[PDB]
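We begin with a single chain expressed as structure tokens, specifically the form deposited without the ligand.
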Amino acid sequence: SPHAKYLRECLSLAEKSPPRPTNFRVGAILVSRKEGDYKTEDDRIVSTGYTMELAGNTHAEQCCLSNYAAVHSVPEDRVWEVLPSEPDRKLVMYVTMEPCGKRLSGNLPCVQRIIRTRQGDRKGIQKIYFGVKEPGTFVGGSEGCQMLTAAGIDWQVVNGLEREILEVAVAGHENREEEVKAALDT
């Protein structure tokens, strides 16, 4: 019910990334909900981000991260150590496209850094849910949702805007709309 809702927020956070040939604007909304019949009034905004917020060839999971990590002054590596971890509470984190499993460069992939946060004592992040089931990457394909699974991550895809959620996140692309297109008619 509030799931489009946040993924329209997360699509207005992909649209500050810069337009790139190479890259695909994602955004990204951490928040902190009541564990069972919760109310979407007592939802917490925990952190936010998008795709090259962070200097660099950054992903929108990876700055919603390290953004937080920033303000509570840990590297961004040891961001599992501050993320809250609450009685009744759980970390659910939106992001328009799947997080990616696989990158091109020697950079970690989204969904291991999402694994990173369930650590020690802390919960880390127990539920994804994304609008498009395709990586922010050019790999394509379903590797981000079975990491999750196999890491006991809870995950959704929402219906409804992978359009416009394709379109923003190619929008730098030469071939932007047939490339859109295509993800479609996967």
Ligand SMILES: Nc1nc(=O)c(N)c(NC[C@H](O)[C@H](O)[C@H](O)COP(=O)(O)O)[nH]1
The other form holds:
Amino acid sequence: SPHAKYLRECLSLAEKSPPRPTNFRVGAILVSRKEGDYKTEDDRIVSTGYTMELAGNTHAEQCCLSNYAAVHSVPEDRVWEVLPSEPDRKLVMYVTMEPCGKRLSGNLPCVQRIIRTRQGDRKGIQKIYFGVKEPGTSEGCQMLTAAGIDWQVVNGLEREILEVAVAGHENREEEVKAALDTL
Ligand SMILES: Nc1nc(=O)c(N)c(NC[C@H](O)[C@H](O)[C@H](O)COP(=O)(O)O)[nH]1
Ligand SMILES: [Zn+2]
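The structure above corresponds to the form deposited without the ligand; please give the structure of the form deposited with the ligand bound next.
Zooming out: every chain and molecule, the one shown earlier first.
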């Protein structure tokens, strides 16, 4: 699976995140892919990010978009203006964890940062590949569906993604076990 390989590279990015009690260590990779029977060799990496890579309370997907925006001299909320939008290619994002539909901090959730890349004549991010649903007791995937963003869960990496994600948590072992039980 090309998707599993991408998610393992997202995991390596997630491992750069500093452990904190209030969030998850996640990694994200933005890819430009040819429409149709694509060859993975023709994939182009557009950006990458990981949790708290950039100053402030930042998520992996947020840093991925903000890294691109910074190179292009716009704030991240304007990254839709400068992302590629080529007729024969689509933007897809790999993320270890399901993008968030709500943040306890009140920051704009990652599903909304993804949705707003589709503005004006720009195609934006068309599909999300992720490895685990967000752990815990309105789901991000449902918000993506409602806005017309495709997504696909890539199975097989759940334990490794979760153990990295919750390394900064006191309840990490129970948290991982609970999340695997939802499979
Ligand atoms: N996909 C994803 N990538 C991340 O980089 C990250 N940190 C989360 N975590 C989602 C979780 O719901 C939020 O971490 C809490 O809601 C606390 O909110 P803040 O992070 O402090 O804004 N999820
Ligand atoms: Zn998020």
